[PDB]
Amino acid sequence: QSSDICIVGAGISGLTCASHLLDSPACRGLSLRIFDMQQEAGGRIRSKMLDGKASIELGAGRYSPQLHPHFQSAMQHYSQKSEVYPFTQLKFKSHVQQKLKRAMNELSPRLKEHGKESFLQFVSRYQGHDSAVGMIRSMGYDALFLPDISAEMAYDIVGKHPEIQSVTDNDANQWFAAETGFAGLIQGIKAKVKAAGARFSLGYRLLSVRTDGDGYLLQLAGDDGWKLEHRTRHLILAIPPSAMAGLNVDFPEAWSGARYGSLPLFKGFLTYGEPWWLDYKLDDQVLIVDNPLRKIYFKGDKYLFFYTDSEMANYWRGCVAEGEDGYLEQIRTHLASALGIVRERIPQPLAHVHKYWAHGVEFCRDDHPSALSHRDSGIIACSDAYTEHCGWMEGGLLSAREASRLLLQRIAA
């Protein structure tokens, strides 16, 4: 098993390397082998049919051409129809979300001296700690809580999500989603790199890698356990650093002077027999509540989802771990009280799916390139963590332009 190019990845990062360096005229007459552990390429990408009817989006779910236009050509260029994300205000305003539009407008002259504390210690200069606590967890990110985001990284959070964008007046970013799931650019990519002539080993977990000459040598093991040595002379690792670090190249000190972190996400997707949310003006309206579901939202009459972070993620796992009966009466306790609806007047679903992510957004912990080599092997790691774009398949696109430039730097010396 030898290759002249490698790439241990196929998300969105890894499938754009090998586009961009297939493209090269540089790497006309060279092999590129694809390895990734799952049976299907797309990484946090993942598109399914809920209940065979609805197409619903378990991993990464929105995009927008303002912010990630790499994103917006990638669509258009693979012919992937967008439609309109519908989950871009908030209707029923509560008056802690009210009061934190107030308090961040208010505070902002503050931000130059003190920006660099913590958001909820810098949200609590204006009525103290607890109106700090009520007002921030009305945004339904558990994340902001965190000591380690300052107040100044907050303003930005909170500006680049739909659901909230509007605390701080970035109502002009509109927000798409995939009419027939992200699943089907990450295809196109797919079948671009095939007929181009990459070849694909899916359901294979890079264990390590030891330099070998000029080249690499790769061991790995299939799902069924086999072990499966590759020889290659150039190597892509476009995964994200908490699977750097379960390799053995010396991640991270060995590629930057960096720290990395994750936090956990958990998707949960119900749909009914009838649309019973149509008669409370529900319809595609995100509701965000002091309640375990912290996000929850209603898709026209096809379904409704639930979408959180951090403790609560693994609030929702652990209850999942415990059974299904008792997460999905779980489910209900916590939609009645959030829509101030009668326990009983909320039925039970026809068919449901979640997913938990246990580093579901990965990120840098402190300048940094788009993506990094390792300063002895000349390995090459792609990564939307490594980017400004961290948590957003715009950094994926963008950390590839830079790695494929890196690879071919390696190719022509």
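Numbering follows the first chain given and starts at 1. Between two forms, the rigid core is the largest collection of C-alphas that superpose within 1.5 Å. What changes on going to the form deposited in another entry:
- With the two forms fitted on their core, the C-alpha shifts between the two forms stay under 2 Å for all of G300, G340, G225, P109 except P109.
- With a cut-off of 2 Å and the rigid core superposed, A177 has a Cα displacement that falls short of the cut-off between the two forms.
- Comparing the forms between the two forms, the C-alpha position of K281 differs by less than 2 angstroms, with the core used for superposition.
- The rigid-core alignment places the CA of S118 2 Å or more apart between the two forms.
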Second form
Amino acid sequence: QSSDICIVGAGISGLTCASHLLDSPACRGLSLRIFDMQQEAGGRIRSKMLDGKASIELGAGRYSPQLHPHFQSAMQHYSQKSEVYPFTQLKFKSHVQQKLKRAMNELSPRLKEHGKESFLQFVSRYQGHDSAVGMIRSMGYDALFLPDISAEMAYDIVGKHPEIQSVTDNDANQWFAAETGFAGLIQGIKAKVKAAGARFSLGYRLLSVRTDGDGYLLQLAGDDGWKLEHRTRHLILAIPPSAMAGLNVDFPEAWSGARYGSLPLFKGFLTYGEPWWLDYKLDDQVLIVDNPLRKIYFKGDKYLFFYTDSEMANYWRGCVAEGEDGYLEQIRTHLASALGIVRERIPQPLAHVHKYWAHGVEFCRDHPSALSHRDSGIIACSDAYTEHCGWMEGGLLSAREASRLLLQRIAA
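I have the form deposited in one PDB entry already, so could you send the form deposited in another entry?
Excluded here are partners and other molecules; the one chain stands alone.
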């Protein structure tokens, strides 16, 4: 139970690490072991079949070739078919939405000086606090209110999310989703590294790690309690900052000078006996509302879903904890108040699924695509270390840098 190279984390970053490493002739003859505390690879990529009828994305769901060329290239590399992602339009702009577009354009020259303060305080410079609250609310992302989200970061959030990208004049970017779910890409990469000799040990959580001569000694625990020790010569931790902080490896202090934050996310998918929303011409439309649903998506004639973050992600999760009955009834109420129709005219769902991610988004509050432990030479890999914080593209960028660093260590 040992290896030459070990990767902890079978998300898109770790699987892509193993892919680069196994493509290099420098790794010929070296064993490679991949761990993940979950029984299936993918991480924050989780595709599911809603009532066995349609494919849905409980995790990452959309991408843009203009923003994410490495992801586009990976979809092609593994012959994954893409489809148009329709939730990019915002023609029915409200007064507050048009006001924010104008305010952000008018305030942009002030980013050099005040770009580091919270987005809320930055927008408050336009017409006051109250006006800023109403403007920011109309974007549907509650993270924009948080004091740890600076003005610069918020311009990045607005300009990069398909529903609100027109607010910073990024209409040109196209958006696509996986025809069969991004899980097909995960499996394509897993099958690729497995065929190249990589061995997978799924269902094992890394608890601690120590230096052991020229290598490392890992302590893992299976999901059923089975304790396990693994010795390796090279170690990549393809896990996000929230997980790094639990391994007692002095993260982030001994890995970088930046600080890192995270945000919870919540998605709920509902399907019905009939596409009742067609009576309102809402198919392929997204509604942003000052309502706990926040963002409401109607996928053609198949289903609907909502997507929330920060305070509202916790709202729906706490609501879920009180029981599924009250949860579905709350959705019914908020759908009526959001669409302006009598609650009794909103039918009950035929089937539904929801997912809560305590750390759905992890972001840097300020450089290298991958990190090196000051004290041991372990490598850290995550989208949080790149210019694409919170996106799969960032995971691909980090994996490339992490594998380059390791091959450098190998040739040392």
